[PDB]
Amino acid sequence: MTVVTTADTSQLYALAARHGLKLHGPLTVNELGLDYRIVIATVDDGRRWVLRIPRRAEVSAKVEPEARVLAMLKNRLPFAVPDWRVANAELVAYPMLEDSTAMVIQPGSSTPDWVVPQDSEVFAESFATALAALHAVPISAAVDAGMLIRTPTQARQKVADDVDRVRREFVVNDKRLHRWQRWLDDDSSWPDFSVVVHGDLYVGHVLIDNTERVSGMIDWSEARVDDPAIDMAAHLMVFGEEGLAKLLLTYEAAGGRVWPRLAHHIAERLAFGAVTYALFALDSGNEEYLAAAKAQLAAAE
């Protein structure tokens, strides 16, 4: 909501220009991304574009690997993924999306947030169907795209390693810790296969059309081959046990592979989210998100 200075504006115009984007009019800058600065601008044809400018070398270095994943996914999925028209260490850019997400969160107390209704059958069914399609992507295609591949044994070991790391670095509520440990030791819970997963899948990363049907997914930087339950935990979080039960029926009917303790496993994965959050906080360095992580781990569930 503040003006972009003349110097910053010139610099941003020049960045776009060296990639063939001729901007015109005022810029809007969103600084709420940890890894990229976001600039919204109008380009030569009157269409607004999003410029995503990597903030650090480690972010720049992932642009090409992530573009390779997106190119694979575009050709293997029946819904949309991000289409990076410029995909450079310096700049990721694309036309502004016309669809929004199934959860919309805005800064400010008065600004409208939005979340698809619990009782939207169109969303629920299309999400389950889309998720089955993602989990049906051949692992060979993940290999082709340079992705991280975990066997089921590695999947479970990663969880164990993450729990160990959080124990070393944080004070953790005893009952939380014991929950994760019992889960890790419960052979019945764990799948005997892995699949292509999105890895950070919740409603805020699901694009919908004006009928609430899933039209795409975004934020693929954590995608890998791993435990399918990773991609259902946040559905349980937002829509509850009944929402999850419905997801699982539709998912299985659409061809998704399940197992008897899957719903249980998803609940345990959701509880494990506190570990993930804390490790991502620790690695971000961000002081706020870190403080939040510390408080969550210390508190009773």
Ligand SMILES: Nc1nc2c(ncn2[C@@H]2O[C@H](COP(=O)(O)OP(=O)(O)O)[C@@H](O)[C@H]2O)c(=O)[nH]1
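Positions refer to the first chain, counted from 1. What we label the rigid core is the largest C-alpha set whose atoms superpose within 1.5 Å from one form to the other. First, how it differs from the form solved in complex with this ligand.
- Fit the rigid core and compare the CA positions between these two forms: of 117, 138, 112, 78, just 112 moves by 2 angstroms or more.
- Core-aligned CA deviation for residue 45 between these two forms: 2 Å or greater.
- Relative to the superposed rigid core, the position of the CA of residue 94 differs between these two forms by 2 Å or more.
- Annotation: Cα of residue 21 displaced by at least 2 Å between these two forms, core superposition.
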The other form holds:
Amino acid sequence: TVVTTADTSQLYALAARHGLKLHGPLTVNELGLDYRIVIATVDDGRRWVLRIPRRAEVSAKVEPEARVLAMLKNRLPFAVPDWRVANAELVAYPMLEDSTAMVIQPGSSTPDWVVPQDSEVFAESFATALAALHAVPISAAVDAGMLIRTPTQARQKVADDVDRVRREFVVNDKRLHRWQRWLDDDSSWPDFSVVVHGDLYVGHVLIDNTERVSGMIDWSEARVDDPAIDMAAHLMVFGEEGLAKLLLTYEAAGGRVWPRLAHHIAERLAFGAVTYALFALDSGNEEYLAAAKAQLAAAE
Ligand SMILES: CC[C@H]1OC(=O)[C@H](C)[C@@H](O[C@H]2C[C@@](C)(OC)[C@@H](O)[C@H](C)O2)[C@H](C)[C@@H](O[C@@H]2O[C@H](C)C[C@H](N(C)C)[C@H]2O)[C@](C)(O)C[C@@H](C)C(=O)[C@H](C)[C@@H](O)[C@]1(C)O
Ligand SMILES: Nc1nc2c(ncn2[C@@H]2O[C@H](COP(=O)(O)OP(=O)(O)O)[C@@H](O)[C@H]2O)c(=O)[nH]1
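Now show me the form solved in complex with this ligand; what you just gave was the form solved without this ligand.
Whole complex next, starting from this chain.
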């Protein structure tokens, strides 16, 4: 025979226990630390995504995310995963066939492609899609059992993350002072929270072949929190010019802004170093830790 990375027999058995009959081509991404991701063909002729929790601690997150997606489905003018299977040993949904807004080969550090800076259709539709998401009523999030952070709680969470990094790592003095000045800068912080995606960047946005936003995936970090969380990666990828365009259209679409929002987003992006370091720490992966320590010690 031929050795293949996927164990088709075990995958078939797992899927069949949950009412899904695999038949035909599949592909497997084993690089995730929490889930194995398989895109498999099913007997409905469709591709489905199998998100397979690796451990009990990951399994525990399935039911709450399922409640999130259940709530969001009718409340967003774009598609989200339809978890027709959602349990501790398997999440499965029909694949949303539209491409992600960035394409990258598994394992690679460099994308093959990212939706272009000058794509006006992408820019405008991402901005309106984001305004739509952030318009989801807080009451709907509460009814769905979501994690809720008031503005005070949102700021406390950032402080807590910073302090956890300070306990576990040695951080460049100026970097640390940057975060502390931000945490102390009342004018930077919003006086409201919204439903956020929590892990939003081009890799988690789906686009149709005109480059119009058509969906968003991987909602595991969704919660009610600081709106700027969902804008940091847009600044990283599309720069200050892209951010300026985003904010004008977001506001025009009914998105709530505040005067120092652009500044706050830049500080949130800087804070990404904390997020990465805590991910590294929690992963126990020596390569991620090496990268994190290096970044933290470095002057920005
Ligand atoms: C452009 C293309 C690149 O995308 C990014 O720059 C975006 C903009 C990051 O988000 C930025 C921006 C932001 C806000 O996240 C959206 C911030 O939190 C993170 C740390 O960095 C992403 C996604 C980060 O991932 C996130 O890292 C988190 C620690 C966990 C999070 N997730 C699994 C829970 C995960 O998605 C992270 C580290 O770069 C992924 C690793 C693998 C990369 O090095 C890959 C190769 C990236 O360079 C990239 C795909 O090529
Ligand atoms: N086009 C498309 N890609 C998907 C879909 N579901 C998963 N993917 C891809 O699979 C990758 C990993 O899935 P993801 O849910 O992000 O796993 P996680 O990062 O561990 O949470 C994503 O980054 C996408 O590239 C989908 O419905 N449509």
